[PDB]
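Following the hints, position chains B, C, D, E and F against chain A.
Protein chains: 6
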Amino acid sequence: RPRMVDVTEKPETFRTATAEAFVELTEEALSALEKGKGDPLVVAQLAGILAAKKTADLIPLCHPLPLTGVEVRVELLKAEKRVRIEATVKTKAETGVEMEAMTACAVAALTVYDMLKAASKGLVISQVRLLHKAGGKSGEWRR
Amino acid sequence: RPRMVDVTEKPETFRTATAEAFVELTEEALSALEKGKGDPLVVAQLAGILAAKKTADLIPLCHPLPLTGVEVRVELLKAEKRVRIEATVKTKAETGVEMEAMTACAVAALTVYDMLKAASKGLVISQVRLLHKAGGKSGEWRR
Amino acid sequence: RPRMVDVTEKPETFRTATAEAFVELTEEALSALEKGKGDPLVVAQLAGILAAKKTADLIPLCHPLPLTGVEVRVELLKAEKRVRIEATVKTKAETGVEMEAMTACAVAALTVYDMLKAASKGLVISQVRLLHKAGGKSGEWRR
Amino acid sequence: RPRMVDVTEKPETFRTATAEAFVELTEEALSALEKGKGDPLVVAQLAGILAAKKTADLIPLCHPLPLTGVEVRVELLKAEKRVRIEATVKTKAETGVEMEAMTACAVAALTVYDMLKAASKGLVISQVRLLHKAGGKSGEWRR
Amino acid sequence: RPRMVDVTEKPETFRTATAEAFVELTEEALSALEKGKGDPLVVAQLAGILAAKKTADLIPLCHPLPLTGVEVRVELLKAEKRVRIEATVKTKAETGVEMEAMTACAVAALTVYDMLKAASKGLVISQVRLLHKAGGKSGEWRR
Amino acid sequence: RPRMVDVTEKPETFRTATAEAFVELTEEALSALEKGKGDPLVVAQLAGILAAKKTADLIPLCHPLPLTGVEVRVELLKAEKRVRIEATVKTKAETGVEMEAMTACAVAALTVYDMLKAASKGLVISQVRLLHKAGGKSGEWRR
Numbered sequence: 010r011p012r013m014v015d016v017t018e019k020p021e022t023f024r025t026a027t028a029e030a031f032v033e034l035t036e037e038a039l040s041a042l043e044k045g049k050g051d052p053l054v055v056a057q058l059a060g061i062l063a064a065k066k067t068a069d070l071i072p073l074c075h076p077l078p079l080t081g082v083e084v085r086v087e088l089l090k091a092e093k094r095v096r097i098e099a100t101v102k103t104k105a106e107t108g109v110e111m112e113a114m115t116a117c118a119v120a121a122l123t124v125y126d127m128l129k130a131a132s133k134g135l136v137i138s139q140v141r142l143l144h145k146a147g148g149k150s151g152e153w154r155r
Numbered sequence: 010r011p012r013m014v015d016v017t018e019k020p021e022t023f024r025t026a027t028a029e030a031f032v033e034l035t036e037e038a039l040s041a042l043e044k045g049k050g051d052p053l054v055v056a057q058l059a060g061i062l063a064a065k066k067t068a069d070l071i072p073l074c075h076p077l078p079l080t081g082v083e084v085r086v087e088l089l090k091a092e093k094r095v096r097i098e099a100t101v102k103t104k105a106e107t108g109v110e111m112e113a114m115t116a117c118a119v120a121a122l123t124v125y126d127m128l129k130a131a132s133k134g135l136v137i138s139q140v141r142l143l144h145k146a147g148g149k150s151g152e153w154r155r
Numbered sequence: 010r011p012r013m014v015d016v017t018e019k020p021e022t023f024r025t026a027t028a029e030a031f032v033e034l035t036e037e038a039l040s041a042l043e044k045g049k050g051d052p053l054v055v056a057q058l059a060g061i062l063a064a065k066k067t068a069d070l071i072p073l074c075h076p077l078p079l080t081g082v083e084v085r086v087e088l089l090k091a092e093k094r095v096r097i098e099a100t101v102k103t104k105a106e107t108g109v110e111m112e113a114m115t116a117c118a119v120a121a122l123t124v125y126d127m128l129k130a131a132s133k134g135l136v137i138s139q140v141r142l143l144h145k146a147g148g149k150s151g152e153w154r155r
Numbered sequence: 010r011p012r013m014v015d016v017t018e019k020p021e022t023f024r025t026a027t028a029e030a031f032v033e034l035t036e037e038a039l040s041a042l043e044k045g049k050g051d052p053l054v055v056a057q058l059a060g061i062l063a064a065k066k067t068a069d070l071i072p073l074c075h076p077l078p079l080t081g082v083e084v085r086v087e088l089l090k091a092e093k094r095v096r097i098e099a100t101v102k103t104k105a106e107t108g109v110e111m112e113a114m115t116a117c118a119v120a121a122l123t124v125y126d127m128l129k130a131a132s133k134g135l136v137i138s139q140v141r142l143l144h145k146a147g148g149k150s151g152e153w154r155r
Numbered sequence: 010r011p012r013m014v015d016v017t018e019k020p021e022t023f024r025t026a027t028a029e030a031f032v033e034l035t036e037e038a039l040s041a042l043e044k045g049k050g051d052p053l054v055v056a057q058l059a060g061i062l063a064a065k066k067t068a069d070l071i072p073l074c075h076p077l078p079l080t081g082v083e084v085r086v087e088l089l090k091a092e093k094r095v096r097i098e099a100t101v102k103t104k105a106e107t108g109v110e111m112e113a114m115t116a117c118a119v120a121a122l123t124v125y126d127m128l129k130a131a132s133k134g135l136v137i138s139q140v141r142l143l144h145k146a147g148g149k150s151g152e153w154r155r
Numbered sequence: 010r011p012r013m014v015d016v017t018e019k020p021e022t023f024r025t026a027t028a029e030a031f032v033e034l035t036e037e038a039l040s041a042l043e044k045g049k050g051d052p053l054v055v056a057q058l059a060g061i062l063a064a065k066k067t068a069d070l071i072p073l074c075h076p077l078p079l080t081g082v083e084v085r086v087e088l089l090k091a092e093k094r095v096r097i098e099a100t101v102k103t104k105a106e107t108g109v110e111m112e113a114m115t116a117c118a119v120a121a122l123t124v125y126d127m128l129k130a131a132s133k134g135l136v137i138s139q140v141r142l143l144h145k146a147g148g149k150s151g152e153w154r155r
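From first to last, the protein sequence lines are chains A, B, C, D, E and F.
Numbering (the authors' numbering) for the first sequence: 10 to 45, 49 to 155.
Numbering (the authors' numbering) for the second sequence: 10 to 45, 49 to 155.
Numbering (the authors' numbering) for the third sequence: 10 to 45, 49 to 155.
Numbering (the authors' numbering) for the fourth sequence: 10 to 45, 49 to 155.
Numbering (the authors' numbering) for the fifth sequence: 10 to 45, 49 to 155.
Numbering (the authors' numbering) for the sixth sequence: 10 to 45, 49 to 155.
Take the hints with a grain of salt, since some may be wrong.
Where chains are identical, the list cannot tell them apart; a pair therefore holds if satisfied intra-copy or between any two copies.
Straight line, CA to CA, 20 Å or less: simulated EDC-like cross-link-like pairs of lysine to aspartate or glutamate [to be verified]:
1. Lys104 <-> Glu18
2. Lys133 <-> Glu98
3. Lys49 <-> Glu87
4. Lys49 <-> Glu18
Just so you know, the hints here were simulated from the structure itself, not pulled from any lab data.
One chain only, chain A, in its complex shape:
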């Protein structure tokens, strides 16, 4: 059955996780983003930070923990016609923060979509994936 894995007996260690996500743009959406309801990139960046803090409330079996660092970047890559979101979360705990990084990116992407769907309902959040993490038994991991 589902359960929040017991990690009470594990030491408190430095954890970090970095993830990224992309939103593929149409020419219509790109134009809009270049013109600036508000700036999609700015609002999305903040939504990502807020989302990182709300992660345990969204992911059922996720361990609630105090975050000591959250960085989110939402950039427009004109030539590639897409928005790149990257998030790095840190803490000191018995479990990792991969979910916090992944959720920050996903919600920032959803926010970019929210800000541009008026003219482009077909915009796709192409990928959401982990790039790196450190801490824990498994140790350092890189894509």
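Below, chains B, C, D, E and F without anything else, positioned relative to chain A:
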């Protein structure tokens, strides 16, 4: 500047939105999902419904509204080696529920990832996209 | 599979629900309540109102809706050595508010327990049950 | 006046708490549960875990803390015609997690009720009580 | 005793509310704001919109309702050495949205303080007051 | 760009913060408060404690952390015709709790306003300011 668009003077109408998302599986993850911390597909399905209701709290400029229907499906597509998530949300309001459908799919996908990252940290949430919506000025829309 | 039942096509009607709960007291707990960390009955009464509003966030398949009325009463029944909690919730919607009434009572009871567990950890929340409801196809119902 | 008791100067220690709750079934409800809106027992089990994490938000004077473990079990006891819910929560803190265990059980019970009230509005959540706890000055306690 | 006033029998009407708040700046804080952890005015503006939506969760007896419009402005008034926050909220309901407007301003002000307290811990949120409201029995009201 | 400042490498230390806020009363409001929808001072006091715990969810870049102590006082100062709110929050962390103290006072003030706006919509929350804090590099600070 950012703002929650005023729709106070628009009539209250029947709205619907359907979105989908995918999680690409490695052979390791597929095996695990076939064996059943809990069943990833079951937990994710519920997380999606819960997420739909929490949408306005996650998307900054999203209009808060009472939902009258939420359907989420999380299925394993063995041959394609991936999990397909689909969500349909309904309501009667002055704005659409595309964000609720998109967020339900994104969070369900994040939950599948949470349940399988132990052995496969590189799993990717490949896409999150709108499939259909009805209601509003623009009328019916299909991918 | 689990789902938030579609009620989009049902008319918006006047709904009401009343529930109750009890906390059985030991002589130690009764004495404390008579002496007044704060007054358990006062804090619990407010927690119940707050809980009614948070119901859809706690009950997975519960329909989110705006409440138009919430009444909670937390009384000490000395001779019976127990605290009686009663809650009545109202709204205009396509679904009932039995869950809101039940949850308000349950959380108020949990709060009374929180305020008195220091000296009496064995206190029991004896019952939580629906007393009445009106509105909907089934019509009026009474215990 | 009400207050969140100051425990800043107390050491951080291993805490655990176990509680249980029951839902008394009618023959109608029992039949339904045996046939499986979704499986009441499965949805309730998850709601309990989620509820444990939301405890401090529901109980006014409750201390917010990171949980390191949450286990919830929702079982059908056919002969006894009732559902038994049990929850064990763990953490390392200056205060106990009795409220987290009690709330997990109460919300799981409320969810079972939500899933079966359609046909049986009179179902009763008979009891919610603490079974065990460890850690803190008072030490180990058992019902 | 406390209670969420019953307004179930009142018609659903157009409501609006406008409030404002100020943050008095020291020369140190003013300099910082002119140089731009992020832009205090931008982050605060978004926090205000988010806060408006979370109002019923923060104010105990406040009626939960769907908002149809939220506008927040956070401006620097150099000569006056202070930040002026203004918020207008709208909806269609049985109760007003004065609390939503007031809370949006208060939280935006708290956010400006958060972004500038590093160098100026003594900054004061001088006032938070209602400027206008319409709808309801009392009708239109202006400061 | 906005970011939750990284404090992962800072030691965990004892932090404390005290803030205050005022609500200026009209003779109408004063009379009401002396007569006792519920007692504004009692409801506001609890809202303040609850608000302290919800601070990180309201202030975008605020670090989420477990609080070990929360004290809130809401008093009527008849001669001065105003309500004085004071809040002290404590914890052990890498960052301070000034925001928790400030937010507790602001929300308690907003609640007093909510409870008295029926007859006095023009009531003003005159000030919200930090009175003291300890812990951190900067050390002890007093107004």
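To see whether the hints hold, each was checked on the structure:
| no. | hint | in the structure |
| --- | --- | --- |
| 1 | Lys104 <-> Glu18 | both (14 Å within a copy, 9 Å between copies) |
| 2 | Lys133 <-> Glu98 | between (23 Å within a copy, 17 Å between copies) |
| 3 | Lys49 <-> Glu87 | both (18 Å within a copy, 18 Å between copies) |
| 4 | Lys49 <-> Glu18 | between (49 Å within a copy, 18 Å between copies) |
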